[PDB]
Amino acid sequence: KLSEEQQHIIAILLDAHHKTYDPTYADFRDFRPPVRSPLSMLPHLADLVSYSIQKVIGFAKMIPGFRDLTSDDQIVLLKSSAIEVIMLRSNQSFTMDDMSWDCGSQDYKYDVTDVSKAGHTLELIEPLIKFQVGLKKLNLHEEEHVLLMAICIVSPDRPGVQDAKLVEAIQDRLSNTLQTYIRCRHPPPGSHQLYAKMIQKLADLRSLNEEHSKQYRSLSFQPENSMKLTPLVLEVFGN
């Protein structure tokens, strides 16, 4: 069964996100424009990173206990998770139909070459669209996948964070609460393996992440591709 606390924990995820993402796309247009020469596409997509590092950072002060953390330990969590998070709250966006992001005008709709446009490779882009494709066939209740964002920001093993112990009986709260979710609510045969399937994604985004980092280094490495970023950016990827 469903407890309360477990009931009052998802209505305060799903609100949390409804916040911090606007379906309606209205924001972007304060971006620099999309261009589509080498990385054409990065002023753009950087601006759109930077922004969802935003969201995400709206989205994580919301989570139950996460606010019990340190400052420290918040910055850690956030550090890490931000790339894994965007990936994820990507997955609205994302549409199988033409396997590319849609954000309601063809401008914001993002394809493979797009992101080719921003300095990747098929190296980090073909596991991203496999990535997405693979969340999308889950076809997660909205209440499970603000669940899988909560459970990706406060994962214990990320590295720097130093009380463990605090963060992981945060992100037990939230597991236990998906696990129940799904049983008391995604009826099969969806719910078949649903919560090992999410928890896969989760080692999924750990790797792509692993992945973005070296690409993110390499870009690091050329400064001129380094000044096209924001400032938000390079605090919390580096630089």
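Numbering follows the first chain given and starts at 1. Heads up, when I say rigid core I mean the largest set of C-alphas that superpose within 1.5 Å between the two forms. First, how it differs from the form deposited in another entry.
The residue that stands out in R183, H192, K61, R29 is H192, the single one whose Cα moves by 2 angstroms or more between these two forms on a rigid core fit.
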Second form
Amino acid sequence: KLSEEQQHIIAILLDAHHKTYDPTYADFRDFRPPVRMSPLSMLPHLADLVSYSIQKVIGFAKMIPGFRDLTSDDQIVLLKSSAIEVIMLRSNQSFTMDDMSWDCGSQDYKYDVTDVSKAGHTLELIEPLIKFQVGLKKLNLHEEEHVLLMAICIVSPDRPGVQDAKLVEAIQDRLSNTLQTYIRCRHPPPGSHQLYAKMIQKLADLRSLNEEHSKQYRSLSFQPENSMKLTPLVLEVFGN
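Having displayed the form deposited in one PDB entry, please output the structure of the form deposited in another entry.
Next up is only this chain, free of partner chains and other molecules.
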């Protein structure tokens, strides 16, 4: 029961996602190698992974209908504030509930709770992060719901620093309408309502994970020997 406009929105987002996500994980061989050992031995590899992913988030966001028609300032604010949330969402594709890990084609590129620890983060982030990944995986989202959720996350009108909040809200409302209609096409009530509510809660969970990651990133990047291990893009996007 999707309108032509709603189908059009979904088609654009699926195209944007397929252009900005490579499921073979070929580029992972180009990062600084993982090392499981010296404090922060996984920070170089995981910083390169996050930096690479920020580029993908930017490439996806620029295809969201209307996003490039916002001011450059609002585009920058939206990407700086949502990048970490979208990375957490995008990572769920390779997350497996057997062993609470992220598999990316090889044993070198399989990440667990310990690797995130070896990038500098503590359990106050890692525990709720794993809980989020488990709750998201059990939703068994279709790719259509996945790309809509990431797009909704990016065009959030309540981000600090947004000037044209009404314009941002206009985009998000169209994405939300499309997601709700897609859910209704697949599920009768009340399962329709329960699934959408759980998706809303996951967006709320991501905001809490954002805050905690920001706290720990500020504590980590404050030390110049830690910032030395990051990338220029990570410093620019996550900075100030």
